[PDB]
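**Q** Starting from the given sequences, assemble the full structure and let the hints guide the process.
Listed below are the residues making up each chain.
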Amino acid sequence: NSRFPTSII
Amino acid sequence: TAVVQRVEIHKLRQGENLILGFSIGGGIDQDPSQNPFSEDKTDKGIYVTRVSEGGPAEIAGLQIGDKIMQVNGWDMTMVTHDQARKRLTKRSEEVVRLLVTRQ
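Protein chains in written order, with the entry's author numbering: chain C, 2 to 10; chain A, 10 to 112.
Treat the hints as calculated values from the structure; they're not laboratory data.
All C-beta atoms in this analysis are idealised placements derived from N, C-alpha and C, irrespective of residue type, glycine included.
Watch out, some of these pointers could steer you wrong.
[What the hints assert, rightly or not] So the derived list for chain A, only partly shown, Cβ under 10 angstroms to chain C, looks like this:
no., residue
1, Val13
2, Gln14
3, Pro45
4, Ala66
5, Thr86
6, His90
7, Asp91
**A** The following block contains the structure:
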């Protein structure tokens, strides 16, 4: 989802 | 319906960085309606959106969909996405304890 950004950590 | 879990992640060095082996979504600056993991679509909390097979988070017991309530005692319920990211990735911290809830 373009509108649900996620970040890898 | 939700159960509290406490996990203790030991970060893995990957080059210059210490990594945790998972991904997050959410935050008070984001659109909570787009979070597929929450029960309440106004929930602006930080959720685990992916877990790396064999990584530190998996070994520690973290699971996709977990809601992160605290990191090393720091409240994660009303933070921006970037604040959450920064709290999880302090270069000085090799061990991070997460308080999560799991549906």
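**Q** Each hint: holds or not?
**A** Okay, the hints, checked on the actual structure:
1. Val13: Hint on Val13 (chain A): violated, closest Cβ of chain C at ~22 angstroms, above 10 angstroms.
2. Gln14: Cβ of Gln14 (chain A) sits 18 angstroms from chain C, so the hint is violated.
3. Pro45: holds (7 angstroms)
4. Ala66: holds (9 angstroms)
5. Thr86: Hint violated; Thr86 (chain A) Cβ to chain C Cβ min 18 angstroms, cut 10 angstroms.
6. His90: At 7 angstroms from the nearest chain C Cβ, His90 (chain A) passes the 10 angstroms test, so the hint holds.
7. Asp91: holds (8 angstroms)
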